[PDB]
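Encoded as structure tokens, the following chain is the form deposited without the named molecule, with no partner shown.
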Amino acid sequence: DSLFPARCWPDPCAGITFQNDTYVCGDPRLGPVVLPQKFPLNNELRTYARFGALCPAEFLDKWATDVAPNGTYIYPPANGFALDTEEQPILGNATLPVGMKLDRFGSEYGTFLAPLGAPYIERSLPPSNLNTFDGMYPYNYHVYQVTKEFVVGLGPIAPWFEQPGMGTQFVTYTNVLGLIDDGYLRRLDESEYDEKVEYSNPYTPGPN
């Protein structure tokens, strides 16, 4: 296991315009050079091959508008829900219960969450969602807990970005920051998701 597939050597960054040392090949779209070393992030990225079996320029040519710096990632249709045999998205509106733990790689202006602990490859995100923008949130990784019930679009994640997808995504009608200000989510600190028991479910009632 390594950064680039062996095929990409001896010049794995050929075709890529360097911009800044922090990122693979200097391209922010390729994500950070250094990756998480601690639980749970290392657990969530343990199965993540950043480019699949592709090389950097091949990856951008497949998934973005241009290999050059002006290129932007192209996203799946239908908000990225897995499509059924009639090419309709699979989802339903569902109430998230108080106590449920969610997480997200990305800014709090987004509307896509996952269940706490979902592998990165289940989220069908590009490498740049691992870029750090706030030092207090390395890798742009945020964990939340539902404090008041609310309804989201809930459904399977389509494969994209050379990953299998098939986690569950929650698509909110208010962005994360707005949900926090309105009392629907609260932020969790590392000490609240560092133990196995903190990943279990005490809020769903049993059948008896």
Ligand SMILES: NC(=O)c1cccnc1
Second form
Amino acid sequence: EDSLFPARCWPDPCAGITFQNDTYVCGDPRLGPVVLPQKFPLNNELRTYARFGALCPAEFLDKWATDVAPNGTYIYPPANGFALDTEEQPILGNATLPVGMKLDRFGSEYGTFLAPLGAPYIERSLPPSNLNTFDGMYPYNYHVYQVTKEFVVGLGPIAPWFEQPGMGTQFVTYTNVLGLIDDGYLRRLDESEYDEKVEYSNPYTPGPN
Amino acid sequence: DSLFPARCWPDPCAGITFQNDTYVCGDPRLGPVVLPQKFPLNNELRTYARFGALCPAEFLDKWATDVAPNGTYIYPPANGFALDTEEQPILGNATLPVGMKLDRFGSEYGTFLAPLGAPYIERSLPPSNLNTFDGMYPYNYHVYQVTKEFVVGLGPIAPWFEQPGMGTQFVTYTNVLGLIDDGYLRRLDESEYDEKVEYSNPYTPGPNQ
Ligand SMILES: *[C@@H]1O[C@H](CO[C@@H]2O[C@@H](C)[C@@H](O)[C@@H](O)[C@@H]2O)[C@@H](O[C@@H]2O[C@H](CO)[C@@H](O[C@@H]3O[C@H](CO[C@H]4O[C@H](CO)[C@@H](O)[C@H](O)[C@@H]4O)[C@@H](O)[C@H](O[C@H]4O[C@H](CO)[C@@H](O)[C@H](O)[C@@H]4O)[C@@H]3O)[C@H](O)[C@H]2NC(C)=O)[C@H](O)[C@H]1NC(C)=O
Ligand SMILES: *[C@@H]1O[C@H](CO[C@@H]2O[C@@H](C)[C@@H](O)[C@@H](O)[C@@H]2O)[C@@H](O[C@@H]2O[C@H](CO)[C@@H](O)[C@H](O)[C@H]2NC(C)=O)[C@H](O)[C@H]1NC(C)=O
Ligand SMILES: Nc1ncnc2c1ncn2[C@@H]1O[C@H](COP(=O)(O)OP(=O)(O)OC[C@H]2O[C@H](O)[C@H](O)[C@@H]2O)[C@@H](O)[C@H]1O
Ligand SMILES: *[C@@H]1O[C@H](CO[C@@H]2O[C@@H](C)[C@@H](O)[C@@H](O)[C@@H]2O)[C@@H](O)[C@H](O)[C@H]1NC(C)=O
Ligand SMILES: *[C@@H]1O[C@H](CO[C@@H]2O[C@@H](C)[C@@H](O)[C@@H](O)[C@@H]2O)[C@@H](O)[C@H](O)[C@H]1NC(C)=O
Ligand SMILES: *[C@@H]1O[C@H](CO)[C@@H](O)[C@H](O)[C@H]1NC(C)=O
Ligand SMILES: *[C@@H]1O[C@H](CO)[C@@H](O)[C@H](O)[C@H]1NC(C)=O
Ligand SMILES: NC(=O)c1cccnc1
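Rather than the form deposited without the named molecule that you just supplied, could I have the structure of the form solved in complex with the named molecule?
All chains and molecules follow, beginning with the one already shown.
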């Protein structure tokens, strides 16, 4: 029953979408790549991902971007995408990430938003275009890091957006990822460092005793 | 087996008194030998190494009051919410909207839920929350949908039990059974959470334009 487009969108699911480049769904980079990961661990993070929810491409862009036409840009949630409390204030706190913690991210290293290693794509409230590849060394723009020196981030729940439920945890950094790497706070992990279950467990948090 | 770190052989169950062969080392605190083979539970447990890199007795020594059968798991402070730099829990009161899907490992007399599909390692649960108590709910696993909006404590999950945590937890003010009896939640059949589209979000509105 799973498919690129909801069944309602056929026979012409790309109607209203201006074709630009055939790498992307309907030719539109905002709709993300046609090709998705078929191997662990990335396929595990995408197993619950219905890219448009129950919407069709033009409906999705009409809802979440300023225009269905190519000049339209995605609109992002207020308060940095933190889930809002009953007083419409973001839920978050400053928190120290411990040495050893593993983080990952879909996007360039000029960004400031990470998630705990292995968070489902739908928990991140990201649009489909964060899966576009810009560097062949990092398919799907997917990066994994490990904390090598303690540092403080804004930490809190992710608000739903982009037709997904959110409710992962996001870490919002004060320095971009590249600067954290170059300053010795993060190191990059290669696939052999995150392709076994034990690499997802936690050896750094001490026990109560 | 692969239940155990290779370093734990021979006698990976050293120090563990055998009780019942449903469970690892015969110990219900260590969870079931047989893990789920179907979506979504297999997706939720694909990154779960139940002992981390510890051997069974080491795991219980770290996280329970006793390796002997009478030892009980020790739980994190502040109801398991991640702590900020001032050592206060990060959380807020939040309204769960009609349509949101939630899940839970545990009986309906409890009060802790997660967004549908959260990886087991994001929940900072001990292995015994996977034990089956009712044949109608293999692995203790329950799925719900909000039918009337209500307020919960909402916040990030601290690491515990050798896992990274950092999902979002919802701590309810009434137990789950009362929420069902009062019309706030309904129970979902497996048919209602075995398709990718059923994990997407149709209830959150798009930005005002
Ligand atoms: C989230 O919302 C919570 C309330 O939400 C509602 O209620 C829940 C149960 C659901 O139904 C939900 O759907 C509703 O929306 C909110 O809970 C509130 O938390 C505060 C702070 O913890 C509580 O205040 C404390 O109250 C106790 C009890 O006071 C009564 O008895 C004492 C007897 O000593 C009398 O003196 C009072 O007049 C009351 O009759 C107080 O003992 C306590 O005082 C102590 O702490 C304060 C701190 O300010 C000091 O000033 C004092 O000197 C004491 O040291 C607090 O005043 C409040 O009762 C509680 N409300 C309810 C309805 O339970 C929670 O704080 C929200 N959380 C967040 C993160 O926003
Ligand atoms: C979280 O902390 C920031 C301040 O963090 C410091 O500055 C950052 C740039 C980063 O380097 C951190 O590691 C530092 O510890 C708070 O922002 C400050 O808030 C105070 C209070 O009003 C204000 O006077 C300062 O000007 C702010 N400083 C900056 C740089 O913005 C922020 O409010 C904290 N958030 C929470 C939720 O506690
Ligand atoms: N190598 C690249 N070359 C050119 N453009 C790129 C490249 N990589 C990404 N883009 C484009 O850069 C943009 C994404 O930047 P990014 O750093 O990757 O990922 P984000 O999710 O953190 O940034 C989105 C933020 O923007 C909102 O306001 C919120 O603050 C969001 O957090 C896309 O248009 C890409 O086409
Ligand atoms: C964005 O562009 C709109 C026109 O786009 C053009 O016309 C439509 C019918 C498609 O054929 C599309 O491929 C073309 O590029 C404008 O009407 C609209 O005002 C523009 N938005 C802004 C903010 O300038
Ligand atoms: C907890 O249990 C400890 C060991 O109990 C012994 O081993 C188990 C397997 C049973 O056979 C039991 O009958 C044995 O006595 C005790 O040493 C300890 O006192 C108990 N209580 C506490 C609080 O630790
Ligand atoms: C545009 O399409 C061409 C194929 O004609 C492809 O080689 C190129 O990489 C595409 N551009 C992007 C940014 O993907
Ligand atoms: C082990 O536990 C299961 C479930 O509680 C039960 O069905 C089974 O009978 C138990 N085995 C023994 C030998 O008690
Ligand atoms: N780019 C990401 O992977 C991301 C975005 C928002 C929150 N957490 C992680």
